[PDB]
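Peer 1: What follows is the residue order along each chain.
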Amino acid sequence: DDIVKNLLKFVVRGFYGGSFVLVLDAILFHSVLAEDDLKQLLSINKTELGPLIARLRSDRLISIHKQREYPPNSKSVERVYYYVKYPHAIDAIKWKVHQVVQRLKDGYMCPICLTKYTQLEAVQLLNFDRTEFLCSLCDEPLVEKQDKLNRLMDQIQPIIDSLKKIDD
Amino acid sequence: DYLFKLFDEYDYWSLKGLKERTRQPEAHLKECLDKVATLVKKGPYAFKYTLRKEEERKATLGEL
Amino acid sequence: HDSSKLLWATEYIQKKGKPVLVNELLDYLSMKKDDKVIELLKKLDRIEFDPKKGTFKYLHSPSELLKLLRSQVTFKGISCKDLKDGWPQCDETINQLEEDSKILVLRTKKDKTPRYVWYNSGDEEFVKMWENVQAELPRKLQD
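In order, the protein sequences belong to chains G, W and R. Take the first sequence: its position 127, counting from 1, is numbered 127 in our numbering, and each next residue is one higher. Take the second sequence: its position 45, counting from 1, is numbered 1045 in our numbering, and each next residue is one higher. Take the third sequence: its position 37, counting from 1, is numbered 2037 in our numbering, and each next residue is one higher.
Warning: the hint list may mix true and false statements.
[To be verified] Derived pair list, reagent style SDA-like, types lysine to any residue, alpha-carbon separation capped at 20 Å:
id, chain 1, residue 1, chain 2, residue 2
1, R, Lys-2043, R, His-2060
2, G, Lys-148, R, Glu-2092
3, W, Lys-1035, R, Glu-2099
4, R, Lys-2081, R, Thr-2055
5, R, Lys-2084, R, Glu-2099
6, W, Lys-1053, W, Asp-1034
7, R, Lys-2128, G, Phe-128
8, R, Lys-2128, G, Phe-29
9, R, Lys-2109, G, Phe-20
10, R, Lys-2128, G, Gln-155
These are computed hints drawn from the structure, not numbers from a lab.
Modelling step: build the complete structure from the supplied sequences, incorporating the hints.
Peer 2: Have a look at this one:
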């Protein structure tokens, strides 16, 4: 599971800060933990562990099984099982990177009206008397990258190559 | 040194009992006690410090 | 009540600025000659026990921090001040390992000038590009 761990570290470098990366590495060190084990393992509190857990729940990064330890001593035991699910993480990362590339691949506004216009609206907004694009209701004046996205995409390309290596 | 002799004399005591003895603010009493004694916040003795040579400690206090 | 004697003796070793014989301590600290006073010095890491007669002296940071993280491979957190005490003036080394992004440091959510150092187990536009919206059929199409 070294390749999966490397992909998770790359995802930690891309997504969020270092504390989340360290928590994931701590989960990687110890096989299974139940809901209290990170708190014993970490100096962070449980309420703050909760904001981080909510952040992990927002994504597909890891998985939770919810289990009770049955033996009837008091209220028994709420044990949660956090086990990483590789397929969901792979799917979400692919959707994000492809969507990011689509966003990278992918104007008129009036100061007083705060409206917005487009090229088709340009043909409409043109006036013959003056030379300008005029607003519709207020008749106000109208006013109003890829290479940089490509360089940041060079960072995305190493991650894509790592994903290809993980696949085969 | 006197407070420590109380600690062997009492396994449980309070910053109030100590401030009454030492006539010092409880804040100062709470600092040193953190070194010798530990606090139990649960049980009948809750909010009271329990311990963990006494003459050697007293002579060390006299030196310092 | 043997915990206090070690500190009053050690802070005295700092005040005197020189090592003190066990007998000189036991006479100055007015204690019966005993192995426990020496044994507390043998136990305490802030005091050095000297094999020649009695003598008691008071008592590479990035490498020490890396070794501590490696030993910490089972431990998911450590204290910032304790690491500094183990390797005097280690806060700077901890911050440097942080900036290197290996033993990485975590900036204080309490006083923003402080920084914690942590043990290594070893932009939103960029992040949203790396996250965006987050199902099974597109995953199967992805697979």
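Peer 1: Between the alpha carbons of R/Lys-2081 and R/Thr-2055, is the straight-line distance 20 Å or under?
Peer 2: Between R/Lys-2081 and R/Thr-2055 the Cα gap is close to 28 Å, so the pair fails against 20 Å, i.e. violated.
Peer 1: What's the verdict on R/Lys-2043 and R/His-2060, does the C-alpha distance respect the 20 Å limit or exceed it?
Peer 2: 24 Å, violated
Peer 1: Does G/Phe-20 sit within 20 Å of R/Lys-2109, going by the straight-line distance between their CA atoms?
Peer 2: Within the cut-off at roughly 15 Å; holds.
Peer 1: Just to be careful, I want the Cα atoms of R/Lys-2128 and G/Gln-155 compared with a cutoff of 20 Å; is the pair within it?
Peer 2: Holds - the C-alpha atoms of G/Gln-155 and R/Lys-2128 are around 14 Å apart, at most 20 Å.
Peer 1: Holds or violated: are the alpha carbons of R/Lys-2128 and G/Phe-128 at most 20 Å from each other?
Peer 2: Since the Cα atoms of R/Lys-2128 and G/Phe-128 sit roughly 44 Å apart, the hinted pair is violated (cutoff 20 Å).
Peer 1: Hint check: W/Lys-1053 vs W/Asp-1034, CA-CA at most 20 Å. Holds or violated?
Peer 2: Since the Cα atoms of W/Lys-1053 and W/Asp-1034 sit roughly 18 Å apart, the hinted pair holds (cutoff 20 Å).
Peer 1: Given the hinted pair R/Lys-2084 and R/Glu-2099, is their Cα-Cα distance within 20 Å?
Peer 2: Status holds; Cα separation ~17 Å.
Peer 1: W/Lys-1035 and R/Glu-2099 were given as a pair; does the straight-line alpha-carbon distance stay at or below 20 Å?
Peer 2: 36 Å, violated
Peer 1: Given the hinted pair G/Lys-148 and R/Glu-2092, is their Cα-Cα distance within 20 Å?
Peer 2: Answer violated: G/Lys-148 to R/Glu-2092 is near 35 Å, above 20 Å.
Peer 1: What's the verdict on R/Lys-2128 and G/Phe-29, does the C-alpha distance respect the 20 Å limit or exceed it?
Peer 2: Answer violated: R/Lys-2128 to G/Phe-29 is near 29 Å, above 20 Å.
Checked against the numbered hints above, the structure violates hints 1, 2, 3, 4, 7 and 8; every other hint is satisfied.
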